[PDB]
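Omission of a single protein chain aside, the complex is shown with its protein chains in their original locations.
Labels run A and B following the written order; every chain starts at residue 1.
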Amino acid sequence: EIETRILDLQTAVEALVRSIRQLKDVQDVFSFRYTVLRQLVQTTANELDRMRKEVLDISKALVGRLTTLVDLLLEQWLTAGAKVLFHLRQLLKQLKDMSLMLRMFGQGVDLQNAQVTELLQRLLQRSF
Amino acid sequence: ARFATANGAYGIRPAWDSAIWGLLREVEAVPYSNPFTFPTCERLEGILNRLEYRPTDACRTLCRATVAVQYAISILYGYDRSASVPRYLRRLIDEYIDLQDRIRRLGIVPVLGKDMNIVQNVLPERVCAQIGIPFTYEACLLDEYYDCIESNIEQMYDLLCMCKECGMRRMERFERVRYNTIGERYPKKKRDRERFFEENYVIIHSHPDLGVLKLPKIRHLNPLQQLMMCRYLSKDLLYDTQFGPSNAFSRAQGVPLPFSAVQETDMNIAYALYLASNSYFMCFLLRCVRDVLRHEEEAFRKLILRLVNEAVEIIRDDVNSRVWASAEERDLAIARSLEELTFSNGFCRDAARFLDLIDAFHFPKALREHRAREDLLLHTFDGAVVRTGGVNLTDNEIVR
Partner (left out) sequence: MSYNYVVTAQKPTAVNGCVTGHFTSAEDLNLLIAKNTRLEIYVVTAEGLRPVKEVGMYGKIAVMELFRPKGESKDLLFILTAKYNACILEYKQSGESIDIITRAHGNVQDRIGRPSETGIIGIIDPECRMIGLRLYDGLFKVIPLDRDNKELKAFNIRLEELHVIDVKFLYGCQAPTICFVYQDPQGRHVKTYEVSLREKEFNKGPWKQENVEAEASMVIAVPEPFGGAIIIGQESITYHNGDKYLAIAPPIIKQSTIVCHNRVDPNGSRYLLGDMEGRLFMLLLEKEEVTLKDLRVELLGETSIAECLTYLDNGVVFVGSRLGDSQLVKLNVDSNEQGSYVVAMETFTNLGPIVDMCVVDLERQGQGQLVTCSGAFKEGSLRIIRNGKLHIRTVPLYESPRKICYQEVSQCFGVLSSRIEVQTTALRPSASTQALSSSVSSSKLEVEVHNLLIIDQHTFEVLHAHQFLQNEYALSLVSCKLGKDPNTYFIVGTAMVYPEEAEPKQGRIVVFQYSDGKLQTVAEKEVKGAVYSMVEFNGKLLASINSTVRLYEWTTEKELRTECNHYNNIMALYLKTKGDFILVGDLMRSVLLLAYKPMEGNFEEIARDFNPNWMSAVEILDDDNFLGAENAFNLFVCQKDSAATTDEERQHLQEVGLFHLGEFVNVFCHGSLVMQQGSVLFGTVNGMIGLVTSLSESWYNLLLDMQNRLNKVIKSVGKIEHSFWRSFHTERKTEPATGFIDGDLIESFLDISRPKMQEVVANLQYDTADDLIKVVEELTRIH
């Protein structure tokens, strides 16, 4: 299912990117709800945790798609899956950077990146 | 390694020279630092007169010329190198485009209607349409773009934000109009109002002789916040509170501005205007780092030219002495060639040609890597690559 895998990974990543940028913003107005020092602040924090949770869920499913990719796996698929792990480690790194404001969401970013670095060295040792 | 001494792969061709290598290498080694805290051209001049040489004097000035030229490369022409002036410009560009993207994105969904339409006056496609310039990423650095954004920003505020502070700012215009018609100046009677951000005077310390910056007329800064903002601006052009260590804590309250808004005003509208105030301060911070890039640029060039002028000025005495007494060919060659190198801003090619021309000039083993490496061991007890890395100083290669 060699090239259908490249299709699903790229398009799912597009969805992740869209959901993540949408997410960044919902935070930014939460963070503009800062310097409030109320209902908006609470309902946005409420919408805050919603979006973050759903993004984490989708990335965890993509992390499962990554393990599917690795158990199924030549150089052009090695480089292509490298792109997936690379921007996946990038997007959740950014998520952590935001989660560090932390009104949970960050450790979920952690455990996902823990699977990421596990998969990364696991592939690097054989691809070398 | 062998290049750990002053004479590196492209390094200066003794105890003071090792400190110069420690200066140039610390630039890259440090995980991150403020480019403005790094020495400027004035301090480069300061060190240049303090160099230590040990046994011609013309060769010593010619070696200090390589110091300054390699220094300039790392400080300015080193795009994407550790803590460089252009690197700040490009990173800011990305923050700017993205901020206006956020403003265009405003109104995508519940994330934050005609009131929104007045807010999208900031969008680059609108501002380019009014000046008539084609929509272009580079256009933000044009002076006219900054001028046009001001009129739109204060068009926004007078339509949606009618508060007390902004109230005073609008009254000011009515009174100013009357006072200009009779050929007079606005008096100091009404100083009861808190100081407006524009009235503040700040001065960049990297290039102190740049003159007082014309603070952008960003609004809604509280008197206390106005101090912190102006404080950071004077120190490191906001580098500290936007990149580097602990940037996340400042990021909690905004990239170019503190998160701030007036009370009793719809927050949905407030965030919109706040994006405009941020983009307005972004455009300022771009044009300023551009100016400090240019004032290091000009200064570096001038210094190099002055130095090389002294080089041919002194080595000609060595030519007459050797005549009274191949090496004569090499010396006159670089004399004429250094003059040919006008270092016209190309600029990297001339600089690299310079050091290559100095490399072609013969030097005693006392000045070559042999002794340099030996001296390194005791203490312990090229231009081609530069030419490739050096990118065009023109803005819209940096913006790309």
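Some observations on this one:
Convention: a contact is a pair of C-beta atoms (placed from the backbone, for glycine too) under 8 Å apart; a residue touches a chain by one contact, two chains touch by 3 or more.
The residue touching the chain not shown here, chosen from B:203, B:366 or B:384, is B:203. Residue B:182 is the one among B:109, B:182, B:323 or B:325 that touches the chain missing from this view.
Touch with the chain that is not drawn comes from one residue among B:19, B:108 or B:212, which is B:212. Within the entire complex, the positions of subunit B that touch the omitted partner chain are 129-132, 143-144, 147-148, 150-151, 154-155, 158, 162, 164, 167-168, 170-171, 173-174, 177, 180-184, 188, 201, 203, 208-214, 291.
Keep in mind that, in the parts below, only the chains that are shown with their structure count from here on.
Taking the mean of the C-alpha atoms as each chain's centre, subunit A and subunit B sit 35 Å apart.
Against subunit B, in their complex, subunit A makes its touches with residues 22, 25-26, 28-29, 31-36, 40, 47, 97, 100-101.
Taken together, the subunit B residues at the contact with subunit A in this complex read 102, 105, 108-112, 248, 252-253, 258-261, 267, 270-271, 274.
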